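Hey, can you work out the whole structure from these sequences and the hints?
What follows is each chain in one-letter form.
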Amino acid sequence: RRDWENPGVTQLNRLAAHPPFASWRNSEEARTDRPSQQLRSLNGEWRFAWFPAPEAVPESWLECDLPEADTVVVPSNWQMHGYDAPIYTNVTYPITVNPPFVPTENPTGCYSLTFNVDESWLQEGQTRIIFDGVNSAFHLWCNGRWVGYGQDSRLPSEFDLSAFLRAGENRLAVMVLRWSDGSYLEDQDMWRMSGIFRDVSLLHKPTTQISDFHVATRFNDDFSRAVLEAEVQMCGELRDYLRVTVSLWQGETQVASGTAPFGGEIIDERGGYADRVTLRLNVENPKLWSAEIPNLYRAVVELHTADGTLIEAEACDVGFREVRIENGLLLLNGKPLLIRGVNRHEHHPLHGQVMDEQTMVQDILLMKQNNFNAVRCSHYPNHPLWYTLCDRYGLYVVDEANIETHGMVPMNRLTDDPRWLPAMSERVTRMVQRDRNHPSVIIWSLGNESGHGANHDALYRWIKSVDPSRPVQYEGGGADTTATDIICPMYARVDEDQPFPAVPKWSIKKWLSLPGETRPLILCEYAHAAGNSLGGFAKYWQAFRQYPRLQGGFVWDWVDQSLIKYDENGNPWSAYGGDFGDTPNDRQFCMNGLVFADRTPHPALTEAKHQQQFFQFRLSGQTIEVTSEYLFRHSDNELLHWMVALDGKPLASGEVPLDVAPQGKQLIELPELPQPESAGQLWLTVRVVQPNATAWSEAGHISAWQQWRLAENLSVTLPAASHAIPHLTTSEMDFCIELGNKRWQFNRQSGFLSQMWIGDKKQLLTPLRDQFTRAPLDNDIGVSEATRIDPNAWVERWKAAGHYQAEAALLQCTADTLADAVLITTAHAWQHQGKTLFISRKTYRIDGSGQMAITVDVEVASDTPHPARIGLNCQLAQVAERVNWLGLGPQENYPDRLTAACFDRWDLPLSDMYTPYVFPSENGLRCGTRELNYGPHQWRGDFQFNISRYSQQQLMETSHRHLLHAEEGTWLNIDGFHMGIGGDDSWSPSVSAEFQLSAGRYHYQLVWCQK
Amino acid sequence: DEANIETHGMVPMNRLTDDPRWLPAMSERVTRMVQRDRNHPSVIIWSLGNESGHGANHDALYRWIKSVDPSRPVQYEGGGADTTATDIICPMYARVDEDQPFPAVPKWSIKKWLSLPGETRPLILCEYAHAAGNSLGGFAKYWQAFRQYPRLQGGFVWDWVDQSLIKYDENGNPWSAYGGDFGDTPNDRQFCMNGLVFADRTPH
Amino acid sequence: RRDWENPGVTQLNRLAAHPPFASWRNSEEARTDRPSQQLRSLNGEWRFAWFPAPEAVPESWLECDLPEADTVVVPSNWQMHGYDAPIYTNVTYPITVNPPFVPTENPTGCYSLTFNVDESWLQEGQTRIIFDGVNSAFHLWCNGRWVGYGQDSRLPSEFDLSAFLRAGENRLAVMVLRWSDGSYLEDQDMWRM
Ligand SMILES: CC(C)S[C@@H]1O[C@H](CO)[C@H](O)[C@H](O)[C@H]1O
Ligand SMILES: CC(C)S[C@@H]1O[C@H](CO)[C@H](O)[C@H](O)[C@H]1O
Ligand SMILES: [Mg+2]
Ligand SMILES: [Mg+2]
Ligand SMILES: [Mg+2]
Ligand SMILES: [Mg+2]
Ligand SMILES: [Mg+2]
Ligand SMILES: [Mg+2]
Ligand code: NA
Ligand code: NA
Ligand code: NA
Ligand code: NA
Ligand code: NA
Ligand code: NA
Ligand code: NA
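Chains as they are written, first to last, in the entry's author numbering: chain A, 13 to 1023; chain B, 411 to 614; chain C, 13 to 205.
Calculated from the structure, these hints are not laboratory results. Heads up, a few of these hints could be off.
Residues on chain A that point at chain C, a partial pick, calculated with CB under 10 Å [as the list claims (entries may be wrong)]:
no.	residue
1	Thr-22
2	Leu-24
3	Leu-27
4	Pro-434
5	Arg-446
The following label-pair restraints were derived from C-beta to C-beta distances [to be verified]:
no.	chain 1	residue 1	chain 2	residue 2	range
6	C	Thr-104	A	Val-373	53 to 59 Å
7	C	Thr-116	B	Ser-452	42 to 48 Å
8	A	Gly-275	B	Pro-480	47 to 53 Å
No residue lacks a Cβ here, since even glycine has one placed at the ideal position from N, Cα and C.
Here it is, written out as structure tokens:
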């Protein structure tokens, strides 16, 4: 029948979808959510054999174990066990686009399990098996007899095994196909894997059973009263003595209860549902659920007899909350939300796409600790535990259908085809039937990148009809089609329009006011965090806060989808597209997270945490105004600490308890701040601390911070003229300046400071030269490739302009003797085949104090692409352990991503000045620096810098971080100016104009001296 | 033009039409009809089917049509004749002046139906004036209302021709038969004859 | 697979629906709506045999004509030919309401036709067969090979016979089931045929 090549068949004998069941036979266990003996896990060791195609699977396998088989852990993805390679492709399908057909060479995973089943399970009731996740299609056999078939890799497939099992030993046989017609709807941008990757279990239910139940909560105007409505459905024989009791609990207190026999209200001319009943419970002053305060109640559904005998019980956590769009605003419990979200794929560097509780909790804790209050299930229903954790820890969730046909041409070819409506509908309807009772889920999504088809309109209406308590969104086809309640563009910029034909991405501010538009706008994807990115992140938040209808978005994305491989010595390294022989592939485009695969934070995470702060501050004189962006909670676990320092030197500090009502303000009057004597800039730094531990954070957690420049005292005092006078020694090839124990050497042929001495020690390994390039970041590269160059990408423009090949041509080099110093004057011309790109004019003034003042003035040809940087660089012979600087830190920060960084005195080990991005590039920069210290050296001024053991050349020529080798000495890059990193997206130029080095003429000055 | 979908005998009537498991089968009865007949000028209205209550599958397919063919209104009588799945209030056998307040699915006087709080759609009966045998009494009352009220734009009489079948007796003479005359049981006897004309098209 | 008891399977290898086609190879013919040499009718005398259930149909019927079969006119309803009784019920289904199942005693109509096909039709292009209406479900075979399946009694089911036909004589075998899961969606108040 080749059911895996027929979108008409998505399953055979599969049971109806429903909310999480456990079939408790004890009500107390149901109330407290304790384990159930009726729900058994089949996870553990299974037998597995790999085949090139289903036609190659031997028939004997159905009856007994294949001696060729291996014993492997389940759940798992077989690529992670080395049976075949995982494939990383973004848009292009991993198989030939010829729907509904798949390759004849279809990797087949043969799973089998021999397990015991107690007679008591077969004597009565129904025994079903549950496969929470099988990628991508499979046939099931039990004791040699065919049971069924199932598709959709991200939702559970359940089959009744009651007539197939026998007391004692039993054997299951599962033939999993990597490719199926379902694969045409699973083209998400992630590693393409397969296998039984989610839990497998057996559920026992009585013949007369609770087959489904829906919980809804409505409120009065001020949410002081609510009515909980629970519709319960049963299967089995109807008897007049049957009853259903729904009880609601707050802790160990029962706040409400309702009981009734089956038989719903009349719905039409034929009557009503005799196998259903709806209980309605009134709840006065319910504690409301929100990501701010995840208040939860427990609802227990009991099927029983009138005399009180329990048959079975089910239950769920209930969060009292109302979600609705009113007057163009997405409201929660009547308040306008501000979505601080992120897209999160289910990924593990070691286990692939298998999810575990520990990794989930770690992600949720890191998310809340970094001020995120929402997550988008990009782009498929998640492992069931995920919603339970979100309900309890408090996170707004966008549950998304497992539907993406990105690789089709046009994108909606299948979604606008009625022959694919059936397949698509099951991916939407079964998701809703499974997760509709979770309060964390506040918005339904029809899928991702599948254009806009009539099938979307139909499924949009289906959801609105069955679940009016949640808005429905979908980005495909222009982000504002008739299939979405929310304008949800991906990568729409703040101010810049991107007028693409048919599917334009308007500036978000402009999008809201288009003629006739009234919906709220929330980006389903924005701020693509590939590598050194998130430039311009603050521009989004300034806009979100100023415009009521701009209610936020979900960053793309949470974690790098890198995988682990080992070298010959067993040392692990991070691998990306193409490292497994997978081809074609999309290389590093699988890594766009705010954190590395092992959850180590990327510098960008801190910029997100700061911009997403819940308290806003303003300063006027001695008054600090604290404004709360919380909607429901008072600041009952917040303390404001303030500090005033002069160039990093603390003068005064204190703390004040925060007592701000949600949306409210608090004025804090700072005490008389004593004026400092010494010259310098005074800085005020405030931070909000949470004294007490929470379910998601430890005592002392910092949730917000901000700085302001206070008074500044310009230094006018003249340095006590040192008696010493430097001396110049001139030769044909050099200008040497001696001063006591120090010496400076300027090659007269190159025009650069080629060497320095402190005693008999050389300080340089490479001459101090101008630098106008940087090892390209992911954003500089875009989608450009050697086989497919993107002439528009920054890196390609720089390459074509000769920026990386530019040769320095000495125009002038003179030496003058002053009354108390030596003055070196140089001028260089950087040209590329007749074209002068840059001109550098410098002066070096060495006085008796041993200080070397360098003045640099650069001209950049207006017709050459704006350079990545304007600075100097050299390889220092020294290799010290610490790096001390007075500037923005402590973390890596760039011009368009430095709002989170604070000005102060920072000191870190040299290794922390390097950011280990899997794909190497310019990194570790620190801006707004007035003083830098390393070994015996000190540089002062107003510059940006990065310092490490890797040269820009090596970073540029190395594809993977683990392949980097520390060079001799230390490479120092000091920039007067550095281009922004961009990030609005990573496939087109995204560095905003105000962060491009287009001034034409630049000036910066540095003072180099030995401590 | 109406989709071949009627589940009248289910209890309740929408048991299948509100079940997502049946959405696939239903959608094909609707979509393939539209793909076949959309170029015919005579077809001015699409119908989702008949007597199958009102289920979520109806809302889905209603929207599908509006999306693929905005040139024709979409109607459906199930679930009360004025649900979210119909552009036209299309009751069957709603009377002119007399209300019939059935629970959940009332049949209001058509004059009254039009002005219920918030209602603005036109009203056209998908079925009215049941012509079983000696019938059509009160037919003129309907037309008087149709002509007086702009939004009462008519209706479709039920129905055109008697569904009687021919059988033969001893003398080989043919005679008109109805339910039960073929041993078919259970049956609904003469209820298959409600036309304005006899099976051979002779007028009643 | 008992495809007639699965609302998940409404057809097998059926071609997409579309507006009326005639495939004129002459524009003036298309303009004037005159008969097309590319659209042939297979209406007329066919071979028919009645069986109480699909399990009672002999396999030999796929390869050659059943001598016990009768020659009947098609299109037609077999109740009108007297093979079994037409049923008149209004609301109540004519079969036990147990979706998606139908009675095991499922009247099965076995239709067959020996017809000729011009070689020019097989030397190029695509030759399809169109059943404008089959009540209520059916399987199709051509020259003994299974072609497809289809449901919905009131719309045309089309199948590509290009790879099943030979120049000259060919034999179609059509097994029509009276009841199917499609029957749960066809409870209109009218005679059940
Ligand atoms: C490569 C672009 C043309 S499509 C772009 O690629 C990104 C890679 O992280 C993401 O998958 C986005 O969702 C997708 O739209
Ligand atoms: C028998 C009624 C309660 S239902 C009534 O029966 C009529 C018989 O001609 C028609 O079929 C109507 O459409 C139907 O609603
Ligand atoms: Mg399939
Ligand atoms: Mg995509
Ligand atoms: Mg646990
Ligand atoms: Mg700031
Ligand atoms: Mg079927
Ligand atoms: Mg009816
Ligand atoms: Na809403
Ligand atoms: Na806003
Ligand atoms: Na990606
Ligand atoms: Na507090
Ligand atoms: Na690199
Ligand atoms: Na009128
Ligand atoms: Na009738």
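Cross-check of the supplied hints:
Hint status for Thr-22 (chain A) relative to chain C: holds, with the closest Cβ pair at about 7 Å, below 10 Å. Checking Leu-24 (chain A) against chain C: minimum C-beta separation of about 7 Å stays under 10 Å; hint holds. Violation of the interface hint for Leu-27 (chain A) is found here, the shortest Cβ-Cβ separation to chain C being roughly 13 Å, above the 10 Å cut-off. The interface hint given for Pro-434 (chain A) holds, since its Cβ lies 8 Å from the closest Cβ of chain C, which is under the 10 Å cut-off.
Because the closest C-beta pair between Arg-446 (chain A) and chain C is about 19 Å apart, greater than 10 Å, the hint is violated. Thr-104 (chain C) and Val-373 (chain A) have their C-beta atoms about 57 Å apart, which keeps the hinted 53 to 59 Å range intact. About 43 Å separates the C-beta atoms of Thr-116 (chain C) and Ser-452 (chain B), a value consistent with the hinted range of 42 to 48 Å. Our hint of 47 to 53 Å for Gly-275 (chain A) and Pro-480 (chain B) is violated, since their Cβ atoms are close to 42 Å apart.
In terms of the numbered hints stated before, the structure departs from hints 3, 5, 8, listed from lowest to highest.
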